[PDB]
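If you want the building blocks of each chain, they are given just below.
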Amino acid sequence: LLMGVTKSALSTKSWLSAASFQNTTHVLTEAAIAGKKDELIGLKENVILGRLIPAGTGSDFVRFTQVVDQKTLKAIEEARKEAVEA
Amino acid sequence: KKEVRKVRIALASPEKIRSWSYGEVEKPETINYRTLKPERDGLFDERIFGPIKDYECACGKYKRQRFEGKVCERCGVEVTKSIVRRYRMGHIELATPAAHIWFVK
Amino acid sequence: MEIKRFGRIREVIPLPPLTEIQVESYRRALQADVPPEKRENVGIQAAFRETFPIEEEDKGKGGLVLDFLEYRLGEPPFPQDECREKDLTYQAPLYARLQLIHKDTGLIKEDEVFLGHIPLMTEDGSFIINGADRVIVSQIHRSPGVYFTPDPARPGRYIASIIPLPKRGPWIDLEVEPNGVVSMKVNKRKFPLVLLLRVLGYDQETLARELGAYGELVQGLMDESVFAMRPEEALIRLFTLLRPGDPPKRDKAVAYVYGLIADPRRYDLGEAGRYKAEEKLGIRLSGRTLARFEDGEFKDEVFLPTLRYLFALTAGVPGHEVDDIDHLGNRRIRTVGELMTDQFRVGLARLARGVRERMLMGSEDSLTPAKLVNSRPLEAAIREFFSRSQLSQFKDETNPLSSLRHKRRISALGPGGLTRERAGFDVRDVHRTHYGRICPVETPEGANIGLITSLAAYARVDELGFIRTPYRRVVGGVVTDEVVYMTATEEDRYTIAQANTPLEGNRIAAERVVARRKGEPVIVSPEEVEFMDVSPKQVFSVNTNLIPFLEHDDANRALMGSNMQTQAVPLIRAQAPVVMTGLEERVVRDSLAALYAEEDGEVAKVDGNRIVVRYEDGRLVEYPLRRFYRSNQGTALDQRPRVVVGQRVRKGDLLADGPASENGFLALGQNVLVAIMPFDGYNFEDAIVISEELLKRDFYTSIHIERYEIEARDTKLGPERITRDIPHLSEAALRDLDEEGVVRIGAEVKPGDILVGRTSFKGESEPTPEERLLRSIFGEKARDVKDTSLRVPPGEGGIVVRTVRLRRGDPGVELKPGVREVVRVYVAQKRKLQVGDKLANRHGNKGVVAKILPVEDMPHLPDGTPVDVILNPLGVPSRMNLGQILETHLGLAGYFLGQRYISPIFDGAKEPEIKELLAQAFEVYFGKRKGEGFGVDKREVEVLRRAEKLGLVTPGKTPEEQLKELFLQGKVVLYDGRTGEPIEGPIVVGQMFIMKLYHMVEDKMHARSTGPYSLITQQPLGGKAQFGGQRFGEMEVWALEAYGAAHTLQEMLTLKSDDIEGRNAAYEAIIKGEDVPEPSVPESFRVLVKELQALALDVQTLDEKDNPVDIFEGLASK
Amino acid sequence: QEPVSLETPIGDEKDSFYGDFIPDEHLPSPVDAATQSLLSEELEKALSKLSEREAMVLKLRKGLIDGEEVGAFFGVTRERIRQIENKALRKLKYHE
Amino acid sequence: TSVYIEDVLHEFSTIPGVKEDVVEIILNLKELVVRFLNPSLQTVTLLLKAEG
Amino acid sequence: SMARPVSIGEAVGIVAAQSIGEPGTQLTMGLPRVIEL
Amino acid sequence: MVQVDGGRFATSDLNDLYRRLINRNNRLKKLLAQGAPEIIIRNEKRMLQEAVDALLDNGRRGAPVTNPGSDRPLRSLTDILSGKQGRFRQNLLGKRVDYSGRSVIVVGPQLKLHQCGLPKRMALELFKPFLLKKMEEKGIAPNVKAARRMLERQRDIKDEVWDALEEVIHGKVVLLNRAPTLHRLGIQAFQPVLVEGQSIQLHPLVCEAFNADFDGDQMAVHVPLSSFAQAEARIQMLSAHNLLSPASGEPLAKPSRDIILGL
Amino acid sequence: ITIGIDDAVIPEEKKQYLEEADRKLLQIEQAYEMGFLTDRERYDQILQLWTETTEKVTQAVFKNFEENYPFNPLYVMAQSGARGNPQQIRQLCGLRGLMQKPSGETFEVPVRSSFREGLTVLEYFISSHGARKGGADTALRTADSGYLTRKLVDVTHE
Amino acid sequence: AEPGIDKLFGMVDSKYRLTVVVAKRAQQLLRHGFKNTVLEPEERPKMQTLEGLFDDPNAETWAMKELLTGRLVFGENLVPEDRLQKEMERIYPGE
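As they're listed, the protein sequences go chains A, B, C, D, E, F, G, H and I. Going from the first sequence to UniProt numbering is simple: count from 1 and add 1419. Going from the second sequence to UniProt numbering is simple: count from 1 and add 1. Quick note: the third sequence, position 281, residue 281 per UniProt numbering, numbers continuous. Heads up: the fourth sequence is residues 312 to 378, 384 to 412, going by UniProt numbering. Going from the fifth sequence to UniProt numbering is simple: count from 1 and add 53. Heads up: the sixth sequence is residues 1210 to 1238, 1255 to 1262, going by UniProt numbering. Going from the seventh sequence to UniProt numbering is simple: count from 1 and add 526. Going from the eighth sequence to UniProt numbering is simple: count from 1 and add 946. Going from the ninth sequence to UniProt numbering is simple: count from 1 and add 1.
Okay, chain A solo, but in the shape it has when bound:
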């Protein structure tokens, strides 16, 4: 099914996204009835909410990444030593 761009957008899986279109009541309603979930996939949706952009720094690929000084790296080595009992 091939559609026009505006039509393509106007008809999304997400509701949050759809409440940014001159039609809100209807879609609000629709997705209220059906107990519809907004997985927070895209940007528009995520930004209507004051939440952290799912792209740049906000990618779960990257969000969680840790950094350590060797000094404190061997420090966590000690944590599993003391775990042995008596």
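Careful: at least some of the hints might be erroneous.
As the list claims (entries may be wrong) - Chain F side only, calculated, beta carbon under 8 Å to chain G, not exhaustive:
no., residue
1, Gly1230
2, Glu1231
3, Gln1235
Source of the hints: derived by calculation from the structure; they are not laboratory data. For each residue, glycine too, the CB sits at the ideal point set by N, CA and C.
Assemble the complex: chain A is given as a structure, and chains B, C, D, E, F, G, H and I must be docked to it using the hints.
Below, chains B, C, D, E, F, G, H and I alone, put in the same frame as chain A:
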């Protein structure tokens, strides 16, 4: 502490609507010109929603920062800045059922 | 400073008074100076007579006959300046004279009723409304006539159209269907036109033979003869086709209005509408519209010839009868007078609406005036026009020229709703007719293109809203000194010739002559020439006509220059261009900038304040001067005096200079010494570089006066008061306030200083129960009072120059309800040319000042004279505006000759004249050099090397002669300031007229840290000592989104504005030396949860696995 | 004149709502509860410390319904209300 | 460096009897060129006062 | 914006939008066709 | 609910609808208490419906008027969740921003690509909190209060203060934006550089990206506050890192007029 | 590298190519006056004529700069990447060719003139017709700036 | 541009990863004192009227600098998030 990955609209049972609420709005009494202070149990009530004032009580029972999470005696006031007030919700107890015109029209 | 003028076409007749449009429109509007006896009516008196015989006859009791005699005004309430100082309108009082008769004896006449006030016009052409000088634009629309349109949908034949207006005036469209059925559309009604013809008196016999002989199409008329056998039976037959449940007997009832009285009429008997019918078709028109009252059975003046011409066009050739919309003889201009009179008419009829209703509650006899008359509807109507109408505006009076150009502006977009922002294609386009009539240049940039366009210099509106450009008759091949202002349509009848056509007194020279038959460019012979152009100024506006080498300038950047002159700022050291078009004098003249002697005479006295003269006729006159006055958009408009004690003078000679006038010439900027080369990246993409020397010799320096105002409103908590003793203020802050708490004249005021002290009582009202007693108990008036004063806003002021108080016991003032007094403090500043400012030449070189060089290291001539400004050459090839280059060349010559010039627009100065003058100049820039003791610089040689190698000078010649050559081409040797080495290539330099625009860097530079925030929406604003934050728009968001700028974006949408808890955390944490407390929950999110919950929606937040999640910070618990 | 609605086009009637234009000042709005607390109590202390006829007169005449000296007295001379009113205030302010 | 005129309180004034506005005058003043004959002199206040 | 491969979590959507929208300002009224596509 | 200019108050339209519904519902209750003739109770119940429909959504049934004068539909909850501002839309369509400024731009050729020049005063105000901190680190002020009073007025500003500002700036960057922001290079981040004067100075090479020429054109400027905001700002957003367009792999910071004419 | 007037160099070949097109147009005029050329073909042939004359003089001035003054500021800027469209240069030095009517039909008479010398009053007024159509198109570009980009973002943000 | 940026894009699979690493490093660089660092010995960042970027101007630059050495370790889920902060506050004073 816990992440938030999903949000969902449902329709709400009136028992949930009461659950959400703190107290029931009684009087159509905003605030008297004399005291820019909350009229009886009117729309802008301190017990129901929280204190207009910064950290102070409605009744002046408690007035400081020290008891930040506690609730007051003769009017029920758990304390913080403007925000607690803009965040707490009340409820009207409807006599006869009425209909959510969204579902109607 | 001697003026050579170039080119001689003898522009035979002078400009019109360029304000005439407003002044004469509002003269013709209100026959005020002339007795009501005087025969012409149109405008007010006609709008009167139109409504006036008020016939409320018989529905119970009547015999109301209220009629018009006279009207008068005479006395304006207050002086003009008084009308500005106090916030009053400049008006005259209107009371007309009346007599209501009865069905019985006699007729009570109450002379006057001051039904409504009516504004006046200043000499110069503007109005004063709310205390504020305003101006009424003109308007364009389709002139009420008879028009013939190709069938839009159907590709074949034509539809007539009968267009009336004022809006009330029915719209009729006469189309002929291939089916044969002559269809006819009123109010969406479609029917054989014949039904209507019958009502007029046309029987089917005389019709077909005497009208439609020549077309067989007449058979499309006579089909339904069954109905068209009966005359007045048809009137009822038609009456049917409006069907509200009408009385089918009511005979002449609807046919009354589309006959005579109220509906299709044009203003007055003779030429109002009749011209548009008479010309396009028909022959004459007795009566205003087709009508009859005296016999009851109706006459069409109109309906036969209209159809007759629809035949005449559908078939063959009377002429060629299709009508153009946009042709400016089939389109019309609404002068001020007429527009105001249209509103005056609809107001007067609001009154005629109320008075009918007073004919019912009216006693019997006791009625004479106020029973019938209230000002209220008329007053409300006129007032509504002048102060709320789309077509009144703040006077564009940045400088004289600006206001003038505003006065003669012309708009499409009618408050009546003529045109709308959506459509523009063919509407905006210039049309053949705009020749000599409308400027092709003056339309503004951006959205408003072709909608607002100013009229030509020589153009002038005739009795009826038509523009008329002049031409001069030529007789065979003999040219007349006799001139005819022709209508647009009338223009096309003739063969007109160009003004640049060679002469010998009255005689053409060239057998090949350039000339225009309607529209098209035609090469033609001397005999065939019927008319010729007057001069090439007539083609353009006034602004556009002040550009001297316009001939060599792309119309696109010419528009930029024309519009740019509007925004010039009046400079304390103002100068009239080294090279002019000649109109500068007439522009300061016709604008009321300056002051000119009224007769020959002598001068008696000359203050900075006023001038006094002794005339021939015995008179001695004082003229006071506008010492230092503020203008709508800030600029100072003082008049300076130019005459001495005991100097004789000539009629029309000047006495004092206007705002931006230099010895009575239009002075919008200065003449600076420009070199036009690139510079070490300091004149980049249009940026401009400056010699500090311009500041030392206060050049591009302009005054500016802001104006602050505050009220002492009166309150529920008790009255506010203007005083010195504000409470919590340090003595230091009060030093400059007078005893009343108003800052004292001539004190330097910083943003944050007090201008006016004002004290309000403590808010939350007067607490009767306990406090009332306290008032008695304790020193009554011992309450509490906080300070709510007037502070110089961030941005700035300068020094206080003038205070105004409008105090209670209000001695001629209309203070608002609640308002006790008001105070205004006027604050001025001298604004030198800082970096970031805007400068631009007449030829449309927009640029910013981007670097101020010290005199020492900027490009100087051989003799130690440096240039003042440095324009990038790269600004020229794109923007084809070689005018400025020719200005610079002529300027160069004018520098050393010590003279200024006039190059009339298309009768310009040609290349060799220029060259000869430059030669003249070389013998001054150089002839001296040799005798003074000095031949050539080794540098001069070394650049002449490269010059001939480049092909500029001709090898084999003496450096003297080579330098002459190089000079004449516009260029001279230039030395770097900083190295003293020469510039490896010669460089054009000269005098250029360049101006300082309204866009200085005060109105412009803001920078917010922290401050106020709006109450519903928590995004910031400013007030006391805080600017307001810039808008971070959706596209800006997209920008961030493209980048990884997740956090930066969140911040922008959170800490930096809206989220309160977050931003507070942010500030406090910054003060700590911590990073920033972004997270927790976003404002928008919790707010959209609860705001969603307020309609009964259960919106809940879930974990990775679908689980509950407390967004509300441990506050959700009950 | 009543309280005006929070949303109205301001200035140029384009898109401004009159909540846009108004900043914020103070949250606590103090000196209310504490002041009344001291106020009414001290007021009442001295209220009680003089003869109740005099106190109560313009106690409730000025502070429990409305504004009147013509109508002031239950039933004595205008002179006597005037008199004891003033003298009461006087002794109340500064006790000798 | 600086000027002061009896009845003038700021540079944007006009004096009675006097063609030139106080700006025209301070501009006409900047043209003043004055030799000190003694290099101890850091400054000098000149006085003008004339009538008629 | 570099010439190395695309880095995960780059919002290519928006970038592509912009990069097509911006030159739209250069398309004569051309543009109607870009819309009609 | 609030106090504006004296004895006037101002009210969110929703409260008059909520009072409308309190009114109706209460009168209903006491209409059942005080005995119950059907048509009257119905009339009340109908009123009740009507006013719920009101506070939820006007103009889906002909709309409630505040007292004939401002005959304009009162703002219903729905109207808040849709409109011009409409909660949903405004978060995107975007806010006013604290740390931000604006000025005319001016070519700053003797910058690096690296950099942008901006007016002293502007820089001062922009990093003011930070600057206060800096003044506290050094003996310039005892605590912030003093620092604050120190900077309110323009003639005051001491040299060492400036040196502290410079100290604050160090290697931080600010973001620069030009009006119609059509692709992402409509905004770039630069190292700020104090300059004499009153306008922002721009490196000519990226007059390409921001379609800006120096003839009145203004640009806004924002601070990024977090170490994170800063990190993105200089790593991905700095001009000197954004050399080729993402539209076409062509380079975007290329030689423009003057440079070319020279070389 | 500045810009005098004389840096705008009119080639000697202009007046030539002008002569040529002048009489050749005269030819087309007899040739229609005789009946051989239909009213239409006449027109298309005039247009053809000037289209060619124009292109010719353009390449001709570029030949001039290329051969005689290869450091001519105008031509330097033009052939560098500094500033210049040869279409424009054509207008400054050589001639701006045929202006069209509002409608679309190009004019019968073209603009013989250069900017370097007097554009006549009428050549100017004919010029204007097209000029304001250009300015208008650009303004109708401004009106809705991120329109397309908007729709695209709505489709693509995810 | 900024010191050795190509070398830093070379250090990671995603451009944005670098940003996250640098950010978090500067964060802890500030939070748990400033003696968090792995490189001070001799010649590290510096400023100009005294000389001390050797105490505390710009934190993220410090991050980029450290990261330019193979001294630090970055990785998706190296260490349990809680015992991390425990260990950081326990080893380094400066509060």
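Okay, the hints, checked on the actual structure:
Using the Cβ-Cβ criterion of 8 Å, the hint placing F:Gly1230 at the interface with chain G is satisfied: the shortest such distance is roughly 6 Å. Hint status for F:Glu1231 relative to chain G: holds, with the closest Cβ pair at about 4 Å, below 8 Å. Residue-level restraint check for F:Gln1235 is violated (minimum Cβ-Cβ distance to chain G is 10 Å; threshold 8 Å).
Comparing the model with each numbered hint stated earlier shows that hint 3 is the single one that does not hold.
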